[PDB]
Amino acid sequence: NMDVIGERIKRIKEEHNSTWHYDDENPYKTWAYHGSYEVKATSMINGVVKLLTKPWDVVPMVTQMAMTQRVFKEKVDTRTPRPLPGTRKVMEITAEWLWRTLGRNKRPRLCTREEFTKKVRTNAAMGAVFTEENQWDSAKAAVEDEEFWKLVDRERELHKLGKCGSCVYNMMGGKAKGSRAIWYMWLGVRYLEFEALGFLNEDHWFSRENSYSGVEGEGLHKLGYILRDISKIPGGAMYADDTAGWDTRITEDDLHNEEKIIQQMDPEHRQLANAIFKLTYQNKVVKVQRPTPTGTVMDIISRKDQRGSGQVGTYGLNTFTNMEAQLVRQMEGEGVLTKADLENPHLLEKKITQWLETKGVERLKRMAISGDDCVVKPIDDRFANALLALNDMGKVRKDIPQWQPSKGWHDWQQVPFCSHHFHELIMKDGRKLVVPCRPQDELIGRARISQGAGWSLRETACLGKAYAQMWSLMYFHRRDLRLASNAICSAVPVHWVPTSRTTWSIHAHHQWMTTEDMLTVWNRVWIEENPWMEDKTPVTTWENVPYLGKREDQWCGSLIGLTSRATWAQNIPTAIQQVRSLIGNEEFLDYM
């Protein structure tokens, strides 16, 4: 093991030779511990959103979010039992077939310094781009620096030689302030993963068109429609089981299966991806910021299995592995795989290959898969109790005894997916919309959080305006959110550009980051560009933009019907005016 990780620990040890020591009392049980060294340390409430959402002031979920994968929890420090030999064979056959299916039209390729620089710059507009970004360590600054690219080249040369000298990721046990040199090693490590494996996201290998089960690039506004289209396929209930800490359940077998994509690469690409897989994915070196009685320390730990949650390519490889694990469960449900097949070290391929070649693509079309998140509509309900391979692969379902059957839904609208459920709304003109929805306390609680501190009223109001505009595009069908959205947009200067991100979700397309008229953006998203909207007649007024049924709105967290809500709705112009007075002499517009 030290042959692959030695150089990295050696360099960390050398750079921190003053405070370096081996703590005999380290909390690590399943991660190899190498040593520690001394280190430094360091969310505000959005007063604009808070002032305009008074009824939610002390509401439990909202108050919780104000305080509250990157964290090194108890579950990260566990081992997953090794899958059985027949299970390992099935996974290998399925991984091989899946990669060949996913690569039928696309060819893997290297991603570039220019692609990375463009992504950094375009996302730097929305504030922070990375977890390691300080007020001194800007990704935009680093990307503009030729010295950063020189270090990248030097690390690549080591990777070409089958060695790694500086590729490390970080975890939380008040982020430690480090050197520009340390930050460059981190960003360079991310660029090198991006160069070798970024094609998966950049070339949309997991788009629905390319992967059948995938939803990458679709957007939150299409997710409900995809679930409604899956509902039309004949079969059993729709299952959406949650895996307890998916990333900790990624086995050495899963890692070796994900690696098979290198077989489709050109030699110069194959060489660099092979180095990312073998040296960094299969031999992780992690820095964990741990508090001690004297001060704060940084632990240098390492391990072979599990998913490096901090590493580029995680989404795609998680999506790949989940698609694979769900096909295997589908096969077990269909009686293709028995307990005796999973235990068998000489399991015959014929029937697994036959099922994949004849039913595989149809079976992928029955799923909506986004990383560890899955919705499956099997051919019948034998799937509910087909748990032998799922548990054996290590994908143990969250908060349910291992052998208790899964509970599915017979209504796609009850199905949870990507932190949402989706409703079908009838418009006054008879056209139907399929909208995303989540508990309202979660949306308001999120909107009340400002990312960091020292943010001026102007920057704060603009984040609020971004949240308000997201609500008008995605959550317009919630009475309280449309009202709060209209109040926020009325209180914030009309020509001020919404800045900073509202969400880090892969499904967010940020159509709300504009000064363009929200009704126009709404029409473009839900009517013009909506493929499930056959009649393109534009909606000319918000009065024609529908709401959830009163009962469904209330069930999903609405405060409508309460006195505190009625009082808020009536007194809202007063709160808007107060926000206006503090912002000052600017151009405002009344949206109430």
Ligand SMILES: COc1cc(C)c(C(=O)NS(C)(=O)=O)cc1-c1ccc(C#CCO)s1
Given for the second form:
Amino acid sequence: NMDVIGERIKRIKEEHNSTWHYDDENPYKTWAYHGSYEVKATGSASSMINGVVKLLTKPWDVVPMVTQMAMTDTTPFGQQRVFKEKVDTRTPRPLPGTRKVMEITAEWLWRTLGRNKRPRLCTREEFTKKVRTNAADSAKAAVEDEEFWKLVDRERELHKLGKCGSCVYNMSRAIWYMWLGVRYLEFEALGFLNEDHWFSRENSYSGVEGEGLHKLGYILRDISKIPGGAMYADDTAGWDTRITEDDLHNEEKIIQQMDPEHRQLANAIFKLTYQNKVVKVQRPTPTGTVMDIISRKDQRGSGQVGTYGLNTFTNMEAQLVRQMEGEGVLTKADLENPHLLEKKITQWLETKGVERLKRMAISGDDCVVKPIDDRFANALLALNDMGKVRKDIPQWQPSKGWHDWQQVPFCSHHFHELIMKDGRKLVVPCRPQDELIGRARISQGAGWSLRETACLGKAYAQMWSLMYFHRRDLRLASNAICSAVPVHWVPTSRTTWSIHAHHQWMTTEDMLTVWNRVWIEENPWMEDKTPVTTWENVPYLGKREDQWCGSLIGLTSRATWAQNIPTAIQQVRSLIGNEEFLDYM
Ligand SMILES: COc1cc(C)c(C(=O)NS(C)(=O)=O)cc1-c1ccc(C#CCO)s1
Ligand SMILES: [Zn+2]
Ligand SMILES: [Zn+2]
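Condition change, the form deposited without the ligand to the form solved in complex with the ligand:
Then the entire complex follows, led off by the chain already shown.
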């Protein structure tokens, strides 16, 4: 193993030869531990609170989920316990018949995914444009420095030789340049999966990449029209820790479709940074804080360019295998059999594969599957054996599916079908309201002025006006925030890092105009393009559904908040100062 990871550990060991030691009280059980060095502790035990959002959501000061969200421990202590609880495990090797079906399905799926698209290298200028559009950080400064690109070039020359010197995953500007450089090289070799939308629904059938939260419910409703059994949406317990050596070798098959110069760099990423990895994690000790240097051959590195796409790929494969078991194509005897008949798998993929992909909505580890019947509920042999054990349910207990697409969980949301006052139907995204309020009350970092805090508050308010307008409390709080924040101040930072977010709320354009563009003009499931001219015609969930999804409507404290909200708005305005404000109430 040292022939692939040895150089990286050697450079770390040499840079910290003063404090480098082999701490034999290290807690690693499934990861190879190489050594430790002294570091300055980073992170926080609590998240910073957005005062503008907090002042305008007084009834949620007394809400447990809202309080919990504001916690989140990122200190070496928090790092260590998350590591222990999840990441320090070993997934049993799938059986030989299971490995054979996975291999056949992976080959077929990669061929299907690359039927129209050809892989390509991503560039310095693409990465630069992405970093700049995200910053609008020291990454924009690094990208502007020529010396960063020279370090990138030197690392790439090692990769071309089948060597790695500085690509270390993290759980001086040199170590920052080496981190950003590692990320650029991964983007260079595997970025095409995202940049050329390989997991778009048109290209992958099951995929939803590029679709947007506002489209996911409509796609779930379209899946519900397909004849078959219930809709299943099982959660995997820590998916990234369940990515096996066999999954990694199956994902690597995409290199067969690459040009020689591309294949060489992508092979370097796979072999040196995915199938082998050097990881840095902080750990508190009685003497202070230390950085541990660890390594392993499997699992997925969560904060990587290829993670979403490769998790989507492996989940599509795993769900097709489960569909085959449900249909009787794969038996218990087949999974144990190294010599299992490849022909029946090939025949099922070639005749039914695409139709079975159309029965799914897959986004990374998130899946919704509508099998041909309910035999799928009990088809658990391959799923458990591939290592994709379902979260909080005994291993052999049948899955529970839904016969209403509106009850189906997907991507931390569920979706409602609303009837507008004019008779038109809308499909809207929704989640427990406490989660929406709790998240909006969290500020992103310390040393933030009232202006930056208010502008992030406005971003949350405008996201609610666009995606969660159907929640009575959120429309009211959104109107309150936008009345409290100067009209000409541009929303800043980001409300989410979700791939399903297109950030149409990041504007000073009228929110009703943005609402019409997204929900009416651009909406392919909205045949009638008649605009909505007033928010009074922008619908709400039925009051009982709003309440079932966490609304405080009907409570006295909520009525008291709604009545007194001009007072709280005025208090925010007075502390912001003499600026131009508008009355949205
Ligand atoms: C599936 O969508 C999401 C999934 C998750 C888990 C989270 C989240 O909680 N993010 S977080 C941890 O607060 O950063 C956020 C969203 C989105 C919010 C708004 C969106 C939009 C749009 C249309 O353009 S998409
Ligand atoms: Zn490297
Ligand atoms: Zn709901």
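We call the rigid core the largest set of C-alpha positions that still match within 1.5 Å between the two forms. Positions refer to the first chain, counted from 1. Shifts are known only where both forms have a C-alpha.
Residues present in both forms were considered; between these two forms, the rigid-core fit shows Cα displacements of 2 Å or more across three or more consecutive positions only at 69-75.
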